[PDB]
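Only one protein chain is missing; all other protein chains are in place.
In this document, chain identifiers A, B, C and D correspond to the written order of the chains, with residue numbering beginning at 1 in each.
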Amino acid sequence: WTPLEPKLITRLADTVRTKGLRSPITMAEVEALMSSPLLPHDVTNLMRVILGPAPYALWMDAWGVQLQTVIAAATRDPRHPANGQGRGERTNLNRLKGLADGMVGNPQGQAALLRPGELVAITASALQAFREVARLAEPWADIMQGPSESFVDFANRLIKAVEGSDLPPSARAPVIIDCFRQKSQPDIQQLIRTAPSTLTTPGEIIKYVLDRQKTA
Amino acid sequence: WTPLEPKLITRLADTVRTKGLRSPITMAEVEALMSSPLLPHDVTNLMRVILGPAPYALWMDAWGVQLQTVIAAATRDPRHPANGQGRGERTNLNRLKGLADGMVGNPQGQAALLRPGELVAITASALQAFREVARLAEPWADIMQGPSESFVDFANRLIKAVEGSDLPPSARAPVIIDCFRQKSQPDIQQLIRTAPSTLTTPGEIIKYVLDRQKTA
Amino acid sequence: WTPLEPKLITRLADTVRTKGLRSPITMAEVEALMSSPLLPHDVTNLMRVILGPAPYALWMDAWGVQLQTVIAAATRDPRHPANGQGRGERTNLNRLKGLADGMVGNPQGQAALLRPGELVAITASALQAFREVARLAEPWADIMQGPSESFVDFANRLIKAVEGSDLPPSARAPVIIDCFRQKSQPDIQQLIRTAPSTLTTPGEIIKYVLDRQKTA
Amino acid sequence: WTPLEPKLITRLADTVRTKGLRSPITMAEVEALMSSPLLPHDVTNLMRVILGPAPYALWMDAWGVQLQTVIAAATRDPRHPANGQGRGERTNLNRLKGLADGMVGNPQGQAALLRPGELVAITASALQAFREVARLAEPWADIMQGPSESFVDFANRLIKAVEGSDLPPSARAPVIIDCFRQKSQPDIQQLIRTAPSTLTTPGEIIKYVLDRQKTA
Partner (left out) sequence: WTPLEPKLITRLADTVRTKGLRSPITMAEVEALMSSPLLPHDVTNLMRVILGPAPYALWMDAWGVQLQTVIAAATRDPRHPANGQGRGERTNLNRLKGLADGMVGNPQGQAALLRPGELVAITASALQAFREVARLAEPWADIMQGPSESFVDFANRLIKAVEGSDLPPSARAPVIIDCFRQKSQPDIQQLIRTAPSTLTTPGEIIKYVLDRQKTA
């Protein structure tokens, strides 16, 4: 077992501290530090360091739930890369959470007894749990373009709130367009209304408005 | 396929966050991270991370348009480094945008089937699209030297606004000179007017004014 | 003897300066720089640099006390990895604190005469002393959720103050739950009260409240 | 040809942005990045990135003037390390500024045709031009010690303004001394006046005043 660098962990913790849990740069950094299959000890200490107390509790809950789903799929298929062929290799949650015999508190023994399939399953479970908690911790129909706000800031805020919401993926573009048309105070409303071409994409609307906007 | 370092990507994202999209240092950094030919997956994720939502939409649009121009030039010349000699090697936009069969979401297969000419064409297209969006996202005839502003700040602001505008390249120096002469409040106006030598370059005017300026 | 990098020491000192003595990231960084067995000279200079004057005095006291406990255990067992089999290898506190003959002020001679068991015992003692001083230097029953404060901030503050207190480890979760129920101003109080399910964990309570909270 | 690292260039640009053009640390950093003989392309892009628009215009002017002086010295001596023995190796300004045939815009061809003497001459010329522009871009007889200002701040400000001025090098110390004596509000004036020893150096005056100053 080789531990992760505390320098990388400190940089990731400061990234989470400044950018937040949900920024795409933060998720990219987590994916980076989630590259090699980690032992339960590694992921547990990593989340202990980078996350606050309450997000850490939420993450422990979510990780347990995802690992339980994994173990249900494992008992539903004896060909799991964590399982074996005989019944003596069936993987219990004590072995996944690092609670089994010969593993509690000892990362060396952990790395000894664990399977690579076990490691990758634990890692994917932890990543999904992190995503859930990030989506949970920190309203698009209440967003208006302020009287003094520029249009690119309004578009950024609106696209952020619409994509980070509970809508299906196939309903984001029409909603963003129809919110550009009805929000975005009446000067830009009339600018979009009197478009000789038909704008059928948020990017095209943004380009058109940026071209023909009233410089002020 | 080898991914780009998330450390470099984080540094580039913070550079774009503090300096903006159009600064020459930002374009130099992008050229740096645009050195090796990138796969559509790499450039797409890079622009997803460094750009906000609305600039990312604009960039997707511009990248598509530039790739379409490339494919028109490719059907206009069967000797494209992305094309082949026979008709079976003609490159479709699904293969350029990474949408073709065996490539959607898989960077390894992407790197397998793609040509080096394909990669360099995609990369140049993405760079040109980034330039377009940067020029589009964030008035030189309205610039005056404030009563309390120094002259080097006024010259910096004016040269910035004139070079980052829609003028032809051969019309920037005369405009900068004639704006130095008519803006730049009447003390410096008279200082430039009573120049025993003829100043025929913005640098020479700046040097002269910095020499003979009223220390205050 | 090889000294620790002043770059790492400067980074650790700034970490202690911004995050404090008790943050889990700071303790992780200290554990990182406490990886190889250090000589008394190294640990002494390290604590001189990273700690202020008063915490350094406290740490000297605590380190002495812990080393005295170690020496009592050593005279209680002749099989200490710092001791030897005969009486001529018994380790005095002058040899542990670096005060013995041939060691005062000289790290090379120190590294010469010291045992690896001596080094690891000194290191563990210094780590425990650092923990004591950190817990000592900088009230959970006085924590209320402010009228304008969000719930995740209140939960973070409360869990921090409860886990960094004098309670036994087996009494933190019930106290955190019962403080969520009685603090956390009456809207969230009624939200937790009318829970159709029984919430038996701080993480579950946090998840439930974050789901059903009044968006405002 | 190998390009300079954009990381070093970004760090140097931020150094120039925070410290300014004239700080000794900035000149040291420029000397550092001016260590290996650079091609006209390298120096031109470097100054384009680190300098603003108006300082870049000034620097282009100054670089041209210094290169013209170099070419005059070259036509005044056929043994220039840039020249050759016959008349066919005489170096024109198009070859120095990178404007000659086979060099315009191409750094590889540039590195091919250029001589090492050419490179070092271009580099020294660019360094001298940078020094000129830095001295030009951003009054010692108007400096007074404020009623609330400390003496080391006043001495720093005065020595800075005197050494960064148009005085000869052999006239700075007497001026600094006589400005310490006549500025530096009458308490320190009388403290310097009643000096039982004769102080004949700014450092000695500073030491004496720091010793006998009125602690307040």
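Following the convention adopted for this analysis, a contact is a pair of C-beta atoms (placed from the backbone, for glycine too) under 8 Å apart; a residue touches a chain by one contact, two chains touch by 3 or more.
Trainee: Can you tell me which of C:32, C:111, C:124 or C:137 touches the chain that was removed from the display?
Mentor: In the full complex, the listed residue that touches the missing chain is C:137.
Trainee: Going by the contact rule already stated, which one of D:24, D:139, D:147 or D:196 would touch the omitted chain in the full complex?
Mentor: D:24
Trainee: Under the stated touch rule, tell me which residues of chain C contact the chain that is not displayed.
Mentor: 6-7, 9-10, 13, 45, 48-49, 52-55, 57-58, 60-61, 136-139
Trainee: On chain D, where is the contact patch with the chain that was removed from view?
Mentor: 11, 15, 24-25, 28-29, 31-32, 152, 155-156, 159-160, 163, 201-204, 206-207, 210-211, 215
In this text, only the chains that are shown with their structure count from here on.
Trainee: Could you put a whole-Å number on the gap between the CA centroids of chain C and chain D?
Mentor: The computed centroid separation for chain C versus chain D comes out at 50 Å.
Trainee: Assign the assembly's chain-to-chain touch graph to one of these shapes: line, ring, star, complete, other.
Mentor: Topology of touching chains reads as a line.
Trainee: Where do chains touch, given as pairs?
Mentor: Touch list across chains, by label: A-B, A-C, B-D.
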